Amino acid sequence: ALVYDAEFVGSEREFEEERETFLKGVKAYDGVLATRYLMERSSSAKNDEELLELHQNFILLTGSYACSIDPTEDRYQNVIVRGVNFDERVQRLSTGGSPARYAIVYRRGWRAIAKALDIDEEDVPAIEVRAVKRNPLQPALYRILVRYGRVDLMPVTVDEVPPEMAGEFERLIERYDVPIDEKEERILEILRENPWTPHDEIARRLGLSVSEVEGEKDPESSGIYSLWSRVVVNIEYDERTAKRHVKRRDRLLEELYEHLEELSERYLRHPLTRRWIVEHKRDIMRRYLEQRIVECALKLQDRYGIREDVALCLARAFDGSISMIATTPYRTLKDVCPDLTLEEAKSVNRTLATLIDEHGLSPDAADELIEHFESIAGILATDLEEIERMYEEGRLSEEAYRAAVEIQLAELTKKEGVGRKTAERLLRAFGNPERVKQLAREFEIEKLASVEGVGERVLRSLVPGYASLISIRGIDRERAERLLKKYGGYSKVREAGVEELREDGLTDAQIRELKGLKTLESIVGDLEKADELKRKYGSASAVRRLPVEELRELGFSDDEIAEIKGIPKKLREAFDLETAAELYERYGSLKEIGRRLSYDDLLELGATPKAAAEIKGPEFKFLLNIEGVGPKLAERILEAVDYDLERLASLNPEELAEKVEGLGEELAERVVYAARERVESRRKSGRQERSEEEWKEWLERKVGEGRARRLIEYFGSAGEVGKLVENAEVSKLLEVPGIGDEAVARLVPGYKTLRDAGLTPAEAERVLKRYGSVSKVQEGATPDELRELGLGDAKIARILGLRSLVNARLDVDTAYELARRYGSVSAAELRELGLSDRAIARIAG
Amino acid sequence: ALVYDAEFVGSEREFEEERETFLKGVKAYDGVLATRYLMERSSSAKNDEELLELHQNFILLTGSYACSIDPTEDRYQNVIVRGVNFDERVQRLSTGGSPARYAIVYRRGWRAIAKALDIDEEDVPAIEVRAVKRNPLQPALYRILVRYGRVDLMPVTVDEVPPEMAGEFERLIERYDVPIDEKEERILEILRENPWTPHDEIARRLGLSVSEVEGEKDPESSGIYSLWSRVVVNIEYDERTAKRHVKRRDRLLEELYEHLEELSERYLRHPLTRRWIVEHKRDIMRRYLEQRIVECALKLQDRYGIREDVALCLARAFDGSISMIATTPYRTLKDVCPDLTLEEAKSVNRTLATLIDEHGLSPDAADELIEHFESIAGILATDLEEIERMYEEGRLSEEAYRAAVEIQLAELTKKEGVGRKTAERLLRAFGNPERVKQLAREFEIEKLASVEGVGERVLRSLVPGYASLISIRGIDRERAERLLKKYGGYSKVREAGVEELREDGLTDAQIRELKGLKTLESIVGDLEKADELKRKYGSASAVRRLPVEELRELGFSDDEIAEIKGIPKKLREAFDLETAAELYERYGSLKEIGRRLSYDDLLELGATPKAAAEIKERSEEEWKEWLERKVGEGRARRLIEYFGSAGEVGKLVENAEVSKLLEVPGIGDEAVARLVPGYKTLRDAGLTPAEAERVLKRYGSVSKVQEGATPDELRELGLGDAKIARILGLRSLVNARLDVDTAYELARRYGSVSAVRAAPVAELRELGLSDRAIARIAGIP
DNA sequence: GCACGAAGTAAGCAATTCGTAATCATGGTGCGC
DNA sequence: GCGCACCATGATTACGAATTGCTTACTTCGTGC
DNA sequence: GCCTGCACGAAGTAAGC
DNA sequence: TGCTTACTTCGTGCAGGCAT
DNA sequence: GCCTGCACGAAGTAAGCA
DNA sequence: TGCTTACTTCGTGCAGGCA
Ligand SMILES: [K+]
Ligand SMILES: [K+]
Ligand SMILES: [Mg+2]
Ligand SMILES: [Mg+2]
Ligand SMILES: [Mg+2]
Ligand SMILES: [Mg+2]
Ligand SMILES: [Mg+2]
Ligand SMILES: [Mg+2]
Ligand SMILES: [Mg+2]
Ligand SMILES: [Mg+2]
Ligand SMILES: [Mg+2]
Ligand SMILES: [Mg+2]
Ligand SMILES: [Mg+2]
Ligand SMILES: [Mg+2]
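So the sequence lines, in the order shown, correspond to chains A and B. Throughout the first sequence, residue numbering follows full-length UniProt numbering, covering 2 to 828, 835 to 852 in sequence. Throughout the second sequence, residue numbering follows full-length UniProt numbering, covering 2 to 617, 690 to 854 in sequence.
FYI, nobody ran anything at the bench for these hints, they're computed from the structure. Just so it is clear, CB atoms sit at the ideal spot from N, CA and C, and this is done for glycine as well. Check the hints yourself; a few may be wrong.
[Said to hold, decoys possible] Quick list of the computed label-pair ranges, beta carbon to beta carbon:
(1) B:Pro833 x A:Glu399: 54 to 60 Å
(2) B:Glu818 x A:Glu74: 53 to 59 Å
(3) A:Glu266 x B:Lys611: 52 to 58 Å
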């Protein structure tokens with residue numbers, strides 16, 4: 002059977018204190034139950050706001066009384082809930098705390114504290130603090146307040162409840178600047194819609210387990226429990242408010258019972274007196290317990306696919322708390338329900354499934370881990386030296402210890418550049434991987450770099466936004482850490498003002514590179530106005546697209562407006578700003594302007610005949626320069642060859658006068674002779690190569706004078722260096738001492754992207770020779786083609802953007818086939840193609 | 002092997018009509034299912050009032066379409082639900098009606114109508130009208146509207162739903178003056194707390210079965226179904242409103258579906274389009290059906306003690322309707338669940354338990370009765386000649402027919418003075434015992450007295466309050482019936498005004514006896530002011546207790562105030578009204594005044610020294698005068714001439730010689746009771762004059778009998794347990810299926826008979842009581 | 001416009017560590033003296 | 001028949017690539033005459 | 001079980017033997 | 001001139017309904 | 001973790017001076 | 001013929017959302 006028990010190890014005075022506290026808590030929870038009973042019995046009372054306020058007041062007082070249990074945090078020992086010893090686990094948490102209060106936040110956890118206090122004064126001495134729907138506080142924060150015994154924070158009347166502890170719970174979290182991870186961010190996004198969303202609903206909607214959403218009740222974990230724990234431990238203990246609450250709550254409780262007796266007369270023949278409620282405790286609870294059991298067995302049968310018989314048995318066994326079931330060891334589940342399948346238990350208890358179907362553990366080994374650490378997130382929240390201590394003392398088996406260690410390491414070895422040694426040293430230095438990730442988000446860059454082996458790659462992989470800041474020239478480690486701590490992240494540092502960034506010791510070039518305002522500061526003289534434009538509009542391209550009038554409004558010059566939109570000199574001098582800007586934004590290029598508009602249209606728009614001819618293509622200028630073929634006739638001449646000088650010298654002059662309306666036949670041969678006269682000069686200048694000195698100039702531009710002359714002295718001349726660059730001879734370029742990847746990537750475009758994908762310089766060289774540019778690799782290359790070049794499937798998945806489809810234990814070829822048929826990677836219909844939707848549904852994101 | 006089937010016997014045009022109506026109902030119920038799906042899936046949607054309004058609108062439209070099924074009430078025949086032919090039963094109801102609509106109010110009853118109409122346009126063409134929790138109407142009234150096909154009454158919009166059909170359902174019942182019996186009165190008491198209380202919850206709280214709470218869907222039965230049927234049939238059919246609803250509902254349904262598609266975007270990635278809902282009907286229903294099955298199997302395991310396997314099998318077989326399980330014959334339960342015990346089936350199906358453990362029926366005979374009449378209340382709702390016709394046609398076996406007959410008669414033979422012959426004649430004259438009791442409640446005294454054998458005792462036992470009115474001198478049968486029909490009951494006749502009672506032809510002495518205002522009319526000159534005081538305060542003793550100032554206000558005289566409180570002449574002349582009245586109400590008697598007060602205190606209160614000190690066998694003619702006073706001169710001289718003298722008559726009276734007093738010709742019970750005090754009460758308890766004589770000799774007064782005598786003591790005197798329960802004031806505790814010994818043990822353990830009704834339910838189960846009797850006495854919870 | 005820094009980054013280099021392909025462990029399955 | 005040959009899958013080896021630090025050797029920026 | 005409604009003996013006050 | 005029938009005024013109480 | 005939208009310099013082709 | 005601004009179209013990579 003299930004074991005609920007605990008023993009009292011305090012003094013007799015403390016014994017009387019704890020008994021009085023627990024009995025007042027039972028009185029308060031009786032009130033909770035009686036108010037819900039009245040709500041269920043009368044349809045009029047179900048709508049009464051007074052009765053709901055009374056119900057929430059009872060919840061508040063129950064929480065206050067619960068917080069005062071085990072104040073010295075030592076009056077109880079060997080607290081057992083459903084057969085799990087909480088004493089050992091609470092000690093291993095970073096914040097420690099009382100095992101009594103830690104137990105009472107579980108379903109029917111009061112049964113241990115009740116036995117420890119030899120309580121028999123009531124029928125069911127129940128105390129519960131898991132209220133959700135009608136709770137006047139945010140439920141998780143309520144439970145965490147009880148776990149940490151905060152009587153100062155537990156309000157004793159509904160009016161005293163602050164909005165930052167209820168619907169505006171987000172305000173209280175932001176007040177204390179607590180590091181929040183991605184999972185907690187998605188959970189908060191759900192909770193902002195409805196703070197009273199039940200936790201299993203968040204788990205279902207986010208595709209996590211209940212254990213993943215809640216987390217460990219300690220600031221060093223991940224989940225809503227861990228998040229509130231982080232927030233609460235940073236709240237200083239307000240002793241005066243605690244004493245005031247203790248003074249008020251007893252007299253308040255008697256007032257609530259009298260208010261209920263007064264209110265029950267409005268709806269019943271027999272008023273709900275305290276005597277009546279004590280003499281009917283089983284009548285009140287029975288309905289609520291029955292609906293609990295029904296909903297629990299339904300969730301087990303529906304969402305977890307457990308047989309109706311087994312699901313109903315388990316709902317009966319654990320008072321219908323699916324949170325407690327999914328954290329119960331397999332042996333105990335089989336003890337209370339012998340027909341349970343191991344597969345069903347692995348279905349409901351996802352920690353057991355992870356320990357078996359990934360770490361190949363025995364059911365008993367996984368039971369060890371579940372009894373000691375409850376969940377995987379509980380293992381991650383436990384210090385590594387604590388696990389080694391448990392293993393040395395013989396309290397943990399070898400298989401369980403090895404599995405827990407590999408679980409701890411895997412949380413960090415997944416990071417790029419961190420292996421077993423660096424993860425080992427990080428865990429030694431900071432205890433558990435959750436704390437490591439916490440220090441990473443808090444931007445403790447120097448604190449992390451002090452560990453042996455934490456270099457540039459590890460910092461770029463761990464500290465968010467460190468890679469973006471440290472890559473900027475002039476910004477060193479200390480400046481990056483200072484900025485990230487001052488503003489709160491790379492995104493917040495990028496949004497900072499120019500003046501305050503100058504105050505931090507940033508050059509105008511550094512700020513210009515950070516914000517990307519070089520193009521904007523090429524127009525406006527200063528950086529402040531460019532940054533303000535980036536604030537208002539958000540993108541320089543949007544500022545370019547802005548109409549001429551709105552650009553003139555709050556603008557500086559019309560020549561500046563023409564420089565912004567890239568208006569040609571001919572187009573800006575031939576027309577006004579409005580018409581020229583409209584033409585440029587409608588056609589794009591001056592050649593398209595000359596092609597799709599007629600000469601008469603250009604004249605009507607107010608262009609000089611010579612200027613209107615210059616707006617037209619240079620073919621027009623050549624035609625009129627040779628023998629004045631005419632502004633009216635040169636257009637019809639260019640209308641046949643589609644504005645192409647090559648097709649003009651091809652066909653016979655007889656075929657030329659055929660298409661054009663009117664053409665002199667003697668002139669028809671003088672224009673073909675002039676067309677052939679220029680295709681000999683277009684070809685003479687088209688096939689041209691630059692000089693050796695010009696290659697030297699480009700090399701000095703790209704890699705500086707020193708490395709350029711080193712390359713020139715190594716090979717023949719700068720012409721040979723350019724020949725090797727155009728052929729993508731990365732291997733030969735790297736042979737030169739003093740030439741590395743930061744020079745080759747600056748010489749050969751696209752080498753940096755290929756090296757970032759994990760490609761050997763020889764592999765990047767082969768790829769660049771095969772496809773010629775990374776853009777053509779990403780769109781054109783196929784996985785089999787890349788395997789012909791000798792690339793591993795990991796590099797192929799990296800370079801083709803198919804990392805999502807491979808992360809679900811799937812191959813790269815069939816992954817590319819989906820990106821081939823449909824447009825994107827994101828695109835029931837899969838059963839038509841014959842796919843197992845299991846992984847697609849499993850990985851949500 | 003459950004049989005859900007029905008055959009169509011209308012025309013092809015009518016066939017298309019019925020098919021179109023059924024398909025529109027399926028559309029509406031799909032809307033219901035989809036709104037429920039959204040509500041169960043999201044906790045935020047569970048609180049969305051807009052989604053609830055949409056859901057209730059869908060429910061309303063489903064009900065409206067359901068009412069229009071089988072309007073000619075002849076388009077279907079051989080309607081089979083779970084293997085029961087409803088055609089035969091609906092015909093035997095007083096109001097008849099459509100077997101199609103009668104079937105559709107059952108769980109998965111649409112499966113018979115769906116087969117009758119060859120419906121295949123949807124995956125599960127389900128139409129259900131049993132909604133309870135979220136139903137915008139009172140659920141039982143909703144179902145009774147559908148069963149009677151009242152399309153005029155089914156609202157089509159939540160805003161058009163009248164309060165008299167929802168939270169104020171009591172108004173609609175009172176509007177039509179429908180006779181309500183005690184079981185229906187307790188059911189109404191529960192429903193006033195929560196009109197949407199599910200019927201099995203009412204069954205638990207009242208300690209009844211579900212069939213007892215529901216009753217037959219017909220005005221001549223007992224239960225909430227029967228009550229609403231009584232109320233609905235008295236509502237005239239508003240044809241124009243029905244046509245208006247038929248006009249509106251199609252476009253309203255299309256607007257509801259558009260509103261659902263718009264609202265579903267707030268909660269889902271794929272909006273709930275009609276196409277999506279039709280192409281996913283099994284996914285939507287899958288969750289809801291499983292929750293129904295779980296609740297049903299759980300209730301079967303806990304409240305009925307059925308094995309988990311068998312309970313889950315029964316819940317799955319009948320789609321989780323415990324009302325349907327308790328009305329299913331044993332053969333069907335064993336067919337769908339072969340491991341079911343006969344004892345488990347008798348636990349869940351209380352009609353089967355009654356037919357076996359009381360009428361010694363075979364399981365097959367009880368199954369016969371359950372197939373034909375569903376429940377005991379269904380047997381009581383069927384005419385007796387209908388049952389005899391069924392027996393003559395061979396449709397009912399010998400054992401089943403005899404059991405049904407004994408059940409019908411027992412409903413009337415239990416009344417005092419009604420035996421087998423009189424019950425037989427009453428059933429012949431009015432068809433079924435429910436109709437007999439109904440006419441009794443309707444105060445149809447002349448209609449009942451027309452039956453051969455219906456005399457004074459039978460009328461006093463049947464017509465409520467007839468015994469109280471007819472006992473008043475001068476009030477005959479016709480006047481009693483007139484008053485009971487004019488005011489609505491003996492209590493209402495007592496509350497009537499004096500002027501309107503005088504207009505009916507009542508003497509002032511008759512009204513004074515009825516209202517009990519003789520003491521009040523001895524103070525006030527007229528009857529109207531005494532009646533107004535009885536209205537204001539309710540009791541003459543309450544008027545006596547009134548303070549001196551409130552009695553003086555709107556009062557007449559101070560001497561009258563002193564006469565009311567019974568103030569002695571010495572106490573009223575020695576002090577004023579205030580102090581004397583306070584002393585009299587604090588001490589009671591002048592002797593206590595003189596004992597507990599000092600002479601100096603009396604002087605200080607303003608009393609004269611002399612007054613304060615004072616405050617501090691017969692002959693033959695003499696006995697003959699008393700005899701002339703008690704029984705008149707004639708009977709007195711008759712008694713004197715029969716015996717020795719008036720002294721001998723007095724000697725026999727003091728010894729309670731009732732037997733010898735009754736020997737005298739011309740001397741009856743009304744004379745002996747006026748001579749021997751307490752004889753009237755003992756005769757009214759059903760005691761032989763010899764038995765009353767023995768009791769009066771043994772204890773000396775009825776007051777000392779009621780407090781001192783024990784049931785064994787009275788059984789030593791030779792009294793039947795019925796007479797013992799009558800005479801000891803335990804008639805309440807015995808009428809609740811308890812014996813007289815345990816009734817006296819309850820009056821002994823707990824203080825009074827009233828004090829047993831406020832005891833803990835745990836201590837009553839400790840005494841070995843069933844929740845039926847516990848609910849009769851106090852009531853769960 | 002160019003001297004002339006003034007920090008700051010690119011490159012090298014040895015030792016260590018990462019990390020993924022190569023191989024080993026292990027449990028089946030099929031062709032032959 | 002009893003061994004070995006060839007797979008098949010997951011686990012573990014193993015060795016080339018990347019990383020960690022530390023130290024020069026140039027490289028943009030950027031003032032001032 | 002409260003409530004209406006006479007009964008009746010007790011007892012203090014007077015007329016009559 | 002002092003003891004009896006006689007007769008109100010209390011004070012207490014049972015009986016008979018009716019309602020649960 | 002993909003994806004659109006920028007930033008921004010690269011680069012191939014010609015007029016403008018030189 | 002040759003050295004610069006001048007207009008065109010990419011191609012290279014970083015960042016910010018969103019599921
Ligand atoms: K290293
Ligand atoms: K190996
Ligand atoms: Mg403290
Ligand atoms: Mg050891
Ligand atoms: Mg890694
Ligand atoms: Mg630590
Ligand atoms: Mg370091
Ligand atoms: Mg930098
Ligand atoms: Mg090199
Ligand atoms: Mg026959
Ligand atoms: Mg009888
Ligand atoms: Mg009839
Ligand atoms: Mg008669
Ligand atoms: Mg009469």
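Against the structure, the hints come out as follows:
At roughly 59 Å, the beta carbons of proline 833 (chain B) and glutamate 399 (chain A) sit within the given window of 54 to 60 Å. Take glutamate 818 (chain B) and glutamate 74 (chain A): their Cβ atoms lie about 55 Å apart, and the range 53 to 59 Å holds. Evaluation of the 52 to 58 Å hint for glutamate 266 (chain A) and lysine 611 (chain B) yields a pass: the beta carbon distance comes to about 55 Å.
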